[PDB]
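Q: Residues per chain, in single letters:
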Amino acid sequence: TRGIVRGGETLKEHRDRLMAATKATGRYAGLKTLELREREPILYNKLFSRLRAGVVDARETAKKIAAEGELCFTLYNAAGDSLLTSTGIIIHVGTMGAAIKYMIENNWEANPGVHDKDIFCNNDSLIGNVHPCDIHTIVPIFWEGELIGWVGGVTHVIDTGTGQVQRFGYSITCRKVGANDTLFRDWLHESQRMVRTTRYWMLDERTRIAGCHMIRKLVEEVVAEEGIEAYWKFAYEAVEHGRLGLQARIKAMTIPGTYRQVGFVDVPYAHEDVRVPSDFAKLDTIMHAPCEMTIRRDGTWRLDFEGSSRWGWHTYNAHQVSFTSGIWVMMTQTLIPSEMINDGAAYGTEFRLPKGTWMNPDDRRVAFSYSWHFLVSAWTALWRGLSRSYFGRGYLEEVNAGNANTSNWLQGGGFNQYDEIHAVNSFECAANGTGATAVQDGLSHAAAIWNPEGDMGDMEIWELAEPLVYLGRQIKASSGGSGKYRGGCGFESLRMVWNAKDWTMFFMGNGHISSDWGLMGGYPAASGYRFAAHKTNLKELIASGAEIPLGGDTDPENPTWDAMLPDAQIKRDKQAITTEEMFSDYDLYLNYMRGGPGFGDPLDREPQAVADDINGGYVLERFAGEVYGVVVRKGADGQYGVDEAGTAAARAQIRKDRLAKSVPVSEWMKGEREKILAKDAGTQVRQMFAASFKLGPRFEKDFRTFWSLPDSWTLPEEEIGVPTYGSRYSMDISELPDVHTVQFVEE
Amino acid sequence: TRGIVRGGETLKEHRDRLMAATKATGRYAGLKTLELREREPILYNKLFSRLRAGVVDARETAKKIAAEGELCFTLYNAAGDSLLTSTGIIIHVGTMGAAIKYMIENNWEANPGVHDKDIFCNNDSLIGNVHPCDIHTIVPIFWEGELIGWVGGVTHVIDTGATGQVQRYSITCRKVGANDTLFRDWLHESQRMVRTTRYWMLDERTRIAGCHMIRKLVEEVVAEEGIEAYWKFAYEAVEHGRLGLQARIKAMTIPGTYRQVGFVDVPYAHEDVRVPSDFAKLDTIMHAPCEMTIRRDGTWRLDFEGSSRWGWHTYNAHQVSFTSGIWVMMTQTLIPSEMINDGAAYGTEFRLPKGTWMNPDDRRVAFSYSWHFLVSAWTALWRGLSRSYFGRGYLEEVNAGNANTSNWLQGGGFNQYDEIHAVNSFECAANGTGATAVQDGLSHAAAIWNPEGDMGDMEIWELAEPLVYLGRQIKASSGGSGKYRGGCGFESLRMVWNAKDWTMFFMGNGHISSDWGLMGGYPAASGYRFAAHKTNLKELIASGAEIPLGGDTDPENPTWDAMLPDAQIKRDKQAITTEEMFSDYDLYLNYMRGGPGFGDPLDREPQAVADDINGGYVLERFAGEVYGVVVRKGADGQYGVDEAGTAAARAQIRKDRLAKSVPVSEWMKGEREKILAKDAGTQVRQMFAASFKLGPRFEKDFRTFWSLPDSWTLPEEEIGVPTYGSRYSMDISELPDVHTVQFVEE
Ligand SMILES: [Mn+2]
Ligand SMILES: [Mn+2]
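So the protein sequences, as listed, match chains L and U. FYI, the numbering for the first sequence is 14 to 80, 87 to 180, 189 to 196, 199 to 776, going by the UniProt record's numbering. FYI, the numbering for the second sequence is 14 to 80, 87 to 181, 189 to 194, 199 to 776, going by the UniProt record's numbering.
Because the hints were derived from the structure by calculation, they are not lab data. All clues given are correct.
Computed list of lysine-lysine pairs in DSS-like fashion (alpha-carbon distance at most 27 Å, straight line):
no.	chain 1	residue 1	chain 2	residue 2
1	U	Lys603	L	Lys311
2	U	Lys723	L	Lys530
3	U	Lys530	L	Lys311
4	U	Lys311	U	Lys600
5	U	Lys311	L	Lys530
6	U	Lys530	L	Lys723
7	U	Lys530	L	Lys384
8	U	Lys246	U	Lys76
9	L	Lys311	U	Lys600
10	L	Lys136	U	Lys136
11	U	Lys690	U	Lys708
12	L	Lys311	U	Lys564
13	U	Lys311	L	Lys603
14	U	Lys699	U	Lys730
15	L	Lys136	L	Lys77
16	L	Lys77	L	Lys246
Construct the complete structure from the given sequences, taking the supplied hints into account.
A: This is the structure in structure tokens:
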């Protein structure tokens, strides 16, 4: 046959046909009926069971090369659509799927060609990828000379290649790195210069190629026993199957209608401790991620991000592939926790990411090295939206106020206690607080949005990898969102530099803004802040038996460590993002993990839960009365107990104080409107709105209508007084010729 | 014959043999006799003259695929040694040759295999390259299924990427094509490294077109004159070059030891050097001492013991870059021939100590703008070679040295076409040259990496950049004073016009003049910065007020500043900056440096001093203070010489010199007190501290000359500045199963 796909179609003729049938019918590949599944139920169930089991075995067997992370493997059909994904974080199902769809639309079939036993590698920025260090290995599967699918394997390399602002600070575009199952030497020598340490990159490549070739054999054996006729139907029915599964889940758990929510997070690049080389990049900006969620009677739904802010000079921007592919690590935690999850769910979801926004920049200068900062801040709002549907329908067990900001990313560089390059960081922000439920408190220090199987790691293992020692590891008091049910609290650890040389560290996380919100009366989780101490003189303080900082920063409004370090240079502020800073032995670094949002009116919380929280270190005593209205009294055993009568009076008094200090929304609005007309707000607020308007006309109209603003009132970004480089002149990807990108999104 | 090289040897077996014969015999490839040259001279001269011409033809023909000068092509033998090189800048003969020898040593023959019609590409930093944007295309030449040589084509791509870099796009001899056809995944992947696609794509089409033309040339020559004759020429030609350099040294120079040194400043402690790493935020000085030894047999040695350590900046150099590009200056004085090839390398001994900025041996080091250190280190060699010319009697060949190729005008953003900016004006191609022992230096005439200096037309530059010329003027008092004055630089005043999202920065020497005067002459003027933001020039122009024009004639008594009362003027000695925002009607002074002078300025003929004042080469005030010449403004407003007054001023300055000078012994004792008290700037002590550790022989001489006790030490960690990288290295030896080539004693 002429084309290499089974049947004689080229890779592009094949996909274009399926995509045309998908558009005309609304069903993947125009499969109005799934004959294999309906006519042969057992064989269909067996095909998933064996293929799913073999894909997981590849992932776990290949994993056994350590000294799990983003490691994952996915089986695709000829058109680049996922059928099955292994255990692990599934944020790369779409990134690798896009890499296949890039080879399809750019005629890789003709050059460099797609042959059996070829090995392709990819991490391209313009195709779509979460992190530059996330390396894809893609292998085509052939049966009797014809192509029937692809295999994808991905890892997060931890030692690849300060204060990046533009993309031009590596890139692999579906490069053919091997043939005949043998890697090319020029690729091996070249890729080992893209890295500071060789061991991690080399083993990771072996792992990916291993798992891929296992899965390749796994398919060749399934097809041999059950026949190609059966497998060929399954490779397209399984996708249309996933779509029907998502539709059935929506109709069963949620409510049709329109849900509107928004999320924010800060980017404080004006601070002197953010040492970026470009002066046009030094300004305070805020991420704006509004979302209009539409759930329809037919079980389809739509996520429209009209009104979002523009991309900025920083590393927190994202890709439309990165945004849509990675949003399912969140969705599979509430709506579709299923091992059948595949691209079928994608074909049952509509995404609108306006071109030019931070989630769909369409500009080649954009950097995305730390996309998580924005992604986790934008996705959390969707928890709240869905929860409104769960709450109204009665499935309160599924309600969740949202995920915490996966923040304070402890990052360090230099030479460790073995006089060797640092490569492995602690990664304690895998265990943040979780949002509160409509039924119970949230889980403290339990999970991250991109991995619900939160693991905090052992202190004794991290101290074998980092030149740091734990002086404390403690639950972060009052970090969880207050509410009838408290959001999960984060936790903190105090690090002391120990046997480090040429050492540097920086902070990474939300500071001025709490990305998550409480739900239906609950409050947002605590926001971030920084603590670090240099020139502590701790060696002499330890030797002399003086007071030394231990534990966690219990009350940063009334700290106890600072006074213990009189000769120290202490940095204690809300600057939760910094650039590389010099550290040396006996200096201190507070690693503070965020908490989750709360649920419900705080003064509906059962008083004993407040007393249990104070005794447990989840809430500072101070706020027991101010926030929850609970009067607690310390007893003989040192434990706090509830004052039943005193609480009732406090709760009744707060209710009157609320009505007194509050104001009718009509009244407050006209006052806020005067400030809007006078353009009275910080530059970060005005820049956010000014940029959001230009990229979102529908958002500007609603804003003007809601505030009853006259057309005479305008908010041009160019008149705020901050740099605006990149707001009117762009570097589109359309400038690149011979490059055909695929659109997974309305814009 | 299994090995692909002619005869059956593999590439490594072949080179390994030739290199062992070179080490053993002191003659390239163990050629004690050149049979072809001696027994068939006409045929020998014919092969060279014809290959040289065919190579030049390929370079000039391919050049017509755009519209540069760094473009160049080189013909190599099977072992990766240069035979011939096209017209153009020859910095990349060694870099590309090193790429070939990398494929030889790392078994490219077995994987990915070296086949006919294959296309390779390379710019690797660890192999050694001048610039990250200088891209190599390497094609193997075959004859009857066997490899007989290589072709290398290079271009300087202007629109690549990568800020205030402090530590380290790498293409490691990648096979980017087969069957003379490029791979699609390579073409797509390359269009993401560049800002605009045009320049990258035409440059590759240019390199390949030239490589294939040279491949056809060899195939044609071999076919007509026979492969037997060519296979002899392909190695005799190298040894031939070695003998040629030996003859030139013995005919032009003098045996002995020459000692010289050069310096340049890295002022990274200034706030306008926005660097992301705080441990790279300090002031440092480059130290480039050179002990030059010419032996009686005609061999010579270049020992850079005592040089400073690599730093957190983009001015470090690879050993291959330092030795491959040094021949751009050697071909301007010692061996200016079109026959130049690697024979000159096998006739020269280089010692670049490991850890120094020229041989860092650390993977973190960056090399983006290594010219700043190279031009400052090479200028000292002119002076050494000149002492041999001057003693032997070839005063015409003397030259005090090359100016720092500084102020590198760099701009970014969007231009008057609302398109990405990629073409910057290249006025630092026309710096002042060093004065000779016979005549003044040439003003605004050349750079060290290109003697064919061209300034460009202002009208052409304004079609490329969003800038307009408000001035273009000879730089007064930039040339080094002396009996014969060093060449003066020039300066242009630029106004930003129709730019958007525009940024600019300065680049060059500031506190230090790298060049020195010779035998009584003085160094050229050092660098400084002038820029003006928020000028309000639009209204000053409209109202008819004074507007800055021309050049910054006297920065000690400027005229522009008073004209700009509302402007933010940056007028300091910070000649290196990171990108800074610029808007229309802002000003940027592009000041090109001059060259060093020769001889005692007091021995300069007075009428030359008067001509210099009249011509804007020397400011009036220095005619008496420096040259001791009294001038009077004549009727026509021109300056003339006062013979009698000049004779007195010269007689008085001679007494002043003896009165204000002191015996060197008396000065040394006082300067020795300061060394013991460690009374000096941190940039000075860090330089010496780093130099001592890398050069024990240099430290030994320092302590000896100053009679310092062993109790006196200068540890770098006690200076008070960051010392990151001094004690902990990421040596390249770590990288697994990567085999490097040492062209240097380290
Ligand atoms: Mn990753
Ligand atoms: Mn170059």
